[PDB]
Each structure stands twice: as structure tokens, then as C-alpha cells.
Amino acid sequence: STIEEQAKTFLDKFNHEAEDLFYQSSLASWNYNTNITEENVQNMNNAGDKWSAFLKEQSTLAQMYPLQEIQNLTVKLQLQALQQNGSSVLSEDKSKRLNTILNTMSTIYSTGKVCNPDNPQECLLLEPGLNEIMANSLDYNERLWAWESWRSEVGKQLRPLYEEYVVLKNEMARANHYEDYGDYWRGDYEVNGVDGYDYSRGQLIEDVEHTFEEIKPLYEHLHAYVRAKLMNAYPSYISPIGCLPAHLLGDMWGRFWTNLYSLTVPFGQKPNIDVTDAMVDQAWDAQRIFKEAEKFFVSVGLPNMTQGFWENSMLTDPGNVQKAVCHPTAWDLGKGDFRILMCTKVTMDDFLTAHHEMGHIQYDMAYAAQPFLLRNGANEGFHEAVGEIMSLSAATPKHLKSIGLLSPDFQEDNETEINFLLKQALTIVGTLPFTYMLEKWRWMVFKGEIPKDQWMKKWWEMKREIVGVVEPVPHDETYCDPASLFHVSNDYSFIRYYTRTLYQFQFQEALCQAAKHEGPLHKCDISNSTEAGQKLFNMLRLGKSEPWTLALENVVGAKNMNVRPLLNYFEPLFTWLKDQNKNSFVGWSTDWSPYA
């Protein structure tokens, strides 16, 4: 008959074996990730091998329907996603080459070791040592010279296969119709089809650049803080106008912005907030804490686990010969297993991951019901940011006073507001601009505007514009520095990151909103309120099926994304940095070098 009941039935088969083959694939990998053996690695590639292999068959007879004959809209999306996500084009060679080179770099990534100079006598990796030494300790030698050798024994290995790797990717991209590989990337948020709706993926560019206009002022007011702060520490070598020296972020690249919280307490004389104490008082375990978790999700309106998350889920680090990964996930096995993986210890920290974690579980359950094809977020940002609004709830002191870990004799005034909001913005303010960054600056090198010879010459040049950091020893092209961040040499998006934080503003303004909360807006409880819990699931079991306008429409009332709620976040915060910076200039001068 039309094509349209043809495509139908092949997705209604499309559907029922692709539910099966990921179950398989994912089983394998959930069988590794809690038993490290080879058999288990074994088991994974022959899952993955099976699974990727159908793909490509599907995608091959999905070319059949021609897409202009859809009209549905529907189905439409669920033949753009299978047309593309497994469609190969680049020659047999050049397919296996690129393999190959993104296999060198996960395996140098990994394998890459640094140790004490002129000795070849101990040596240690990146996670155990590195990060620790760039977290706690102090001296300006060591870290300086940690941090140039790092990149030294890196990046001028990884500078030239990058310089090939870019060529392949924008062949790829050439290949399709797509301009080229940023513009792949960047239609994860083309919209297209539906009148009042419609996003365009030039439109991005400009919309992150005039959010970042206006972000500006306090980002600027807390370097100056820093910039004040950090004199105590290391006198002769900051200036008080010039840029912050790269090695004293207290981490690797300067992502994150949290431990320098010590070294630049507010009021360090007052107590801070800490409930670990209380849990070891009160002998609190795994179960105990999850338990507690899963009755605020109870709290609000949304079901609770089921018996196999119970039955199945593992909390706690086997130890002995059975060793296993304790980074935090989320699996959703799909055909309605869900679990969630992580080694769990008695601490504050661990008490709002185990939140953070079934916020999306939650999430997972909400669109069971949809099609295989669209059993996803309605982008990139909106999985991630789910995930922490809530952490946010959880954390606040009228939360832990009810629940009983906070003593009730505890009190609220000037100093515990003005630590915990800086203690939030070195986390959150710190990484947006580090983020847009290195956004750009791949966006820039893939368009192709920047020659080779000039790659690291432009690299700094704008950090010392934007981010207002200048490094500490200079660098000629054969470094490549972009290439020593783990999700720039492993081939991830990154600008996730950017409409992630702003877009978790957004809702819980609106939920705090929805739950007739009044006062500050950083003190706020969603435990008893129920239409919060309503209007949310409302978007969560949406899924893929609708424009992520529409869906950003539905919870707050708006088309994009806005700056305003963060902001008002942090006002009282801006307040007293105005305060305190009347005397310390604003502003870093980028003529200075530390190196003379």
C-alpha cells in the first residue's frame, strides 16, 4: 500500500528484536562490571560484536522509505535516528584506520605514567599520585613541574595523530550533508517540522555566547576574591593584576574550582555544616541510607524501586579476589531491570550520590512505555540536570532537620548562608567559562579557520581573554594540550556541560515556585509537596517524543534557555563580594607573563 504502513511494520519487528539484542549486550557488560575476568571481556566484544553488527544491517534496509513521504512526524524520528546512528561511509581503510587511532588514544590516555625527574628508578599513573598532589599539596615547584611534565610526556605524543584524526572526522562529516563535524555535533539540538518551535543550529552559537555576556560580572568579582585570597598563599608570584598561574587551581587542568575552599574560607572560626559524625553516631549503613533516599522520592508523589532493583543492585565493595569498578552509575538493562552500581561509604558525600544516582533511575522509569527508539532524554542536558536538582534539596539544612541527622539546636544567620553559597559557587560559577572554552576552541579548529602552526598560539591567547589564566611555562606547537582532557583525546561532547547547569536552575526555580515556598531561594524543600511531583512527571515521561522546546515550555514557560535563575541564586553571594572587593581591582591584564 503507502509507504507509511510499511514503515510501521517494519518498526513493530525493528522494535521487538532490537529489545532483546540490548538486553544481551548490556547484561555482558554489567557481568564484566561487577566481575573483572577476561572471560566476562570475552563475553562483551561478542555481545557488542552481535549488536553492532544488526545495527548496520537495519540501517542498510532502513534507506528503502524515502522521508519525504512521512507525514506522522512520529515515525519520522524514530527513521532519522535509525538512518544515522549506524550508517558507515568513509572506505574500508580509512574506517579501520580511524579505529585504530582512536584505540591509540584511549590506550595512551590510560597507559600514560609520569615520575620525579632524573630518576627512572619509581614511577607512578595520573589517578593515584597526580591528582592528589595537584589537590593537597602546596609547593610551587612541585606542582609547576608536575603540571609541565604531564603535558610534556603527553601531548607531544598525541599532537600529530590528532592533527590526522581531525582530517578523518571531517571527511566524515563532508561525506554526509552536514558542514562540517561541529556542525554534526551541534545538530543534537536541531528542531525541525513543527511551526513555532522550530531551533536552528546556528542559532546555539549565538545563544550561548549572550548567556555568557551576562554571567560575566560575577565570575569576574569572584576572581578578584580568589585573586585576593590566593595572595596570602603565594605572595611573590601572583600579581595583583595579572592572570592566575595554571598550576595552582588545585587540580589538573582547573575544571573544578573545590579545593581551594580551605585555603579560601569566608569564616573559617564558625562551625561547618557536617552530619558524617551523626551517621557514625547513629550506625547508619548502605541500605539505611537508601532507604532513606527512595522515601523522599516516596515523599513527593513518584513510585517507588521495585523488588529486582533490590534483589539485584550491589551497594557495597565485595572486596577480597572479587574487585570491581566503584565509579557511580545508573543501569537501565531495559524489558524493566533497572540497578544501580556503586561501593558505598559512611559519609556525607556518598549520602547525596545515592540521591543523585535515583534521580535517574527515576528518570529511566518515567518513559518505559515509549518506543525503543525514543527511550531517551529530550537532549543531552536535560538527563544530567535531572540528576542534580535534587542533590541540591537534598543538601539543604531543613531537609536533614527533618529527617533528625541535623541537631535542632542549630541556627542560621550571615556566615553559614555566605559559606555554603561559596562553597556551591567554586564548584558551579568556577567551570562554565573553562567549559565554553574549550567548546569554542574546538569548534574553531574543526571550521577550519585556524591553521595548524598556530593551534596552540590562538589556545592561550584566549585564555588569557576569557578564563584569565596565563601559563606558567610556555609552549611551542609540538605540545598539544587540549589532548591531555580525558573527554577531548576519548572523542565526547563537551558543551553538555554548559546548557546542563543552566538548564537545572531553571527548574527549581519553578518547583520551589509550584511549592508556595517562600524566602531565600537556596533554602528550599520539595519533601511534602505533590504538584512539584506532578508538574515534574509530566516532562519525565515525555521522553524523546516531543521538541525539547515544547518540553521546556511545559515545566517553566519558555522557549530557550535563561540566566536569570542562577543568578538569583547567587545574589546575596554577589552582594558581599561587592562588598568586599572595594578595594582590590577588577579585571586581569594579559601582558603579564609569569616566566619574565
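For the two forms, the rigid core is made up of the largest set of C-alpha atoms that agree within 1.5 Å on superposition. Residue numbers count along the first chain shown, from 1. Compared with the form deposited in another entry:
- Superposing the rigid core between the two forms leaves a single residue from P371, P266, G86, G468 with a C-alpha shift of at least 2 Å: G86.
- With a cut-off of 2 Å and the rigid core superposed, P318 has a Cα displacement that reaches or exceeds the cut-off between the two forms.
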The other form holds:
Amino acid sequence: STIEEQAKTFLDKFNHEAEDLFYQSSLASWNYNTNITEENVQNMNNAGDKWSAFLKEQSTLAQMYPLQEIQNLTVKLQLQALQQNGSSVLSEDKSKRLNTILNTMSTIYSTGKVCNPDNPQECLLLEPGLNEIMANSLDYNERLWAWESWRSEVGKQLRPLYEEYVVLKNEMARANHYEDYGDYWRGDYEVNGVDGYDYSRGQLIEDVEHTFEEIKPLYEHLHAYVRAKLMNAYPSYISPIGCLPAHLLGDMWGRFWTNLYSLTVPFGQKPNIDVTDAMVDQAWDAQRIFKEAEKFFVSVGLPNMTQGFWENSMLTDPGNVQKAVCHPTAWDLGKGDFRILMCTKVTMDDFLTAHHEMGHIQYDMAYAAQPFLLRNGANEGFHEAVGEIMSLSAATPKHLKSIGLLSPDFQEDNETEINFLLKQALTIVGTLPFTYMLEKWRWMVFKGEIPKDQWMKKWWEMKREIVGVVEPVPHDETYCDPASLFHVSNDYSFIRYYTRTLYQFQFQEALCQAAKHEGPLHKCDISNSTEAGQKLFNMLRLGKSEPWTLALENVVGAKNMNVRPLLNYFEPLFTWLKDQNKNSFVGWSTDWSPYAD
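Okay, that is the form deposited in one PDB entry; can I get the form deposited in another entry now?
Below: the lone chain, stripped of partners and molecules.
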């Protein structure tokens, strides 16, 4: 009866009621997402608002147990994840204004349009048609028009709203003893009071900045290669000692360099491994794919599928009028109900997204015994890492030629694996500088070290200094370039895409080492080995009940994120690049710009 038995008794009732209402709300949202109408929208919003109201009332009720007296750990973790005041600590007017500017920013980003300069009645949105020019065109002037016009005609509507989104968010976060909004965001990687696995909210910055300093020797070489190859498709526009113009990078922002593969392919006479014909020649339906995926997962030692998963899931595209949302996801409806929603075709990319989504479902199944509030990955970057290693391992010739899609003969050469590794690096390594630099900019903006009359100046300075990408037209202080990205104008954290890329290769190396692999790392397949399955399950089954610095040690052997596994993955490409840039100039100078002449 001291202070703790009361907290435990209260958490029991909370768990029961929350489980029930959550199942109802999630079932409504599923029944809307797979079958769109006008009544299902209301049947979903009803349960949604009911669940939100219940959570708000229970949070207001759970403030009467002083956190500084609970001596357990899981009880304290639950009560602390429940006591979070969140928003609504502001006055009413400020809360309403914050909601309104959030909605306005999302609407502006979603339905903004730019049109031709010689026929102004021919506009085109961003998603179907603008970022189709950026990813397909080979004209300098057309890409420049698209890039400039998006930022000049949508980025300039988001600045006066962002300038006060920052103030309102900063004030909300300061009203919770957090010192700014950036600290609130970093407050997810925090561990307090475990005596051996501590982690401060201020050490994440130092660790990110220290592990990024060991990627630069590889990113510089990939940069030099991409530049010396782009200098043959846009001659007399790139300078061999300068940066890369920001509109030649494959998409509207340069987040992934994966669209430059047709331009910078190492050996263009060797076709890539692509099994789509041998799947059609054997009548592989939309259900043999998932059977092979389940077989792969049960091979290592993980359970089967629940048999309620096969009947309720929407694996194929439905009939004539069943309009749905074709975006592959895994659903965790609760009460022991797991489902998959995807509209699969008979291809090879769907053959990998199958393994990805079933990995998500396996993670969801493993920790379903924990209390309600402790059902999640250890932090923001664990779930996608676990999902990604499966797709990484299920796309190798040593696995395809044993499933039955490739001839048992047909050995692979080394040129094909250099092709594969370069296409992997164009989307794995070419996105780490971007992510790190954008998150550094946002942290420095929220903290207060960049006054609001120096946003674009600092943004383009850091772009030239960290990423190696110069703008093609000067941008004064009336623009707002970061807010023209989905995650910036919709208030989503962005550092998870950086720690995930490290956790994923750490997991893959620690799992391939237990399966007794011998060759290079990019050829390993964890299938048919039970020790790897056990080592992965011993961390899957934990959830949020333990600090993430312990869940990471259960599998790998270290406490913080490392970077040596990633470079170990890319070693062969690194040696080839280091021998292909003898004549070029490795690096860049931050003074040249495409308009300086």
C-alpha cells in the first residue's frame, strides 16, 4: 500500500481497458483502409476520437503517483511513458494556433502546383509529375526549371508559417523541462538509472558526430566517382574540382542517389540479377511468394504464421469495386491478431517486400506478451533495421539458386558483384551525409544558435561543406528550402534514418558470424541456421522493457552504435574505387558555383 502497490493496481485496469479500446480502433482503421466508402470514414473516426479521449483522461488521472518513489523498473517505465504531458500544456489559443499552422503546412505541401512559363494553364503537382521529371529527365534546363520552381513557388509559402511553428514548439518543449524542441526529440535515446547502460540526451549528438567522421573517406571517393561520370552526360556544366549542382542528383532533394545508376554503372555489358521471367515461367502466384517467405522465416527457428493470418490478410488486389490503399504494411491489431496489407504482383521487388513485411510481423509477434505500453522496438531505429536485414539476406544468388528461381549452374563473376555493391552504395551511403546535415541544421535552429535572419545562409554553407552539393541559383532569406521536404513540413523526426543504417549492418554482421560464414559480408545468407535465429529472438522478445543499450548488447556485443561493420560490408567497392580515382581529384572545394562566371 506504500506508493507502489497502488501504481501496480492502477496499471492493471489501464492495461485491460486500453487493450480493448485499441483493438476496436485498429479494427475500424483496417476495415477502412482495405475498403473505402463514405460510412467507413465515420466508423473509423468515431473509434479514433474515443480512443484519444480515453488516453487523455487516463493520462490526467495517472499524475497522482509521484514518480520519485516507484522503486521497480517496468512499473516506472510504464508510468513515465503514460505521464507525458505532451501538447496541451500550452494555453488554449496557442494549442489551436499550433494545430492550424500544422494543418496549413501539410495542405500546402500536399496540393501545391507549379506551371510552365510559356503556357500557364498546364500545371502539375509534386507527386505524379514533378518528381517524375527529376528522376527521369536528361535535360539540364528542364531539371533546373523544376528544381528552381518548386522551391520558389511552394518553399516561399512555408517560411512565415515555419518561423512561428518554431516558436510555438520551442515554448511547448520548454514547458516540460526539456530546454528546447530538439532536446524533446533526442529524448528517445535516453536511459536513466540502470548503473552500466546509461545514456544522456546530449551524448547522441557527440556519438553521431564521431561516427560520421569515419564515413568520410568512403563518401569522398564515391563522390569523386559520381562526379567524373556525370561530367560525361552534362559536359561543360560540372567542374572537376567543385561540388555537384543540386538539381542533377536524381530527385527533388538529393536524398537518394539511386536514380543515377544508368549513368554511373561500372560494367554496363553485364546484366543484373533479376528473376522475373523464371517466376512467370513457373506460375508463381501471389501466394507462393508468401509461402516461400514463411518457409525462410521458419527455417532459422522462428514460429509459423498464426493461421488467422492467412484468412484475414489482403494479399492480392481485390475485385471490381473494392477500392483500397495499395501501400505494403504490417498490422498488429492486438489481442493476438496480426495481418499484412499489400497488393502483390509477380515481380522481384515484391518478392523482397514480402520478406521485409513478414520481418515486421515476426517482430510484432515476438513481444506480444509484454504489457500494453511496452510493445515497440527498443527505440526509433530497431523495427526498420530488423525488417531490413531480412530483405538484405534474401536477395543473394546463394539463396535464389537454392529456392529454385536460378539455374544450379551459372556461377557469378566479380564484375557482377561490383555492380551490385555500387547500386547498394548509391542508396545506402549516398544518404548519410544528407540525413546528418539536415538533422544538424534543425537541432541548431531549435537550440537558438542560428538567428532567424541567417537560415538559408547557414543551410547552404553546411550543404557545401558537409554534403558537397552547391546550389545553382542564389537563395536569399525569403526562401525556406528545408520545409520543401516531407519530414520537415509535417513534423517528423529524421535521425532514425541514420541510426537505422548502422544498426542494420551491425545486426547483419553479428548474425552472419554465428552462422559460420566464410566469404565477404555481402554474400552471406542466414537461412538454415538455428543459432542466428536464437540470437535474434533473444532480443526480439524484449520490446521496450529493457534499455536499448542492453538489447543491442544481447545480439552484437557492444553498447553503442559502431561503424566498422558498414565499412566491412563495402570493403571491395572501396578498394576498387580507390584504384579507379588515380587521376581525378578526390574531394571538393567550397568556392566554385555554377553561376560564378
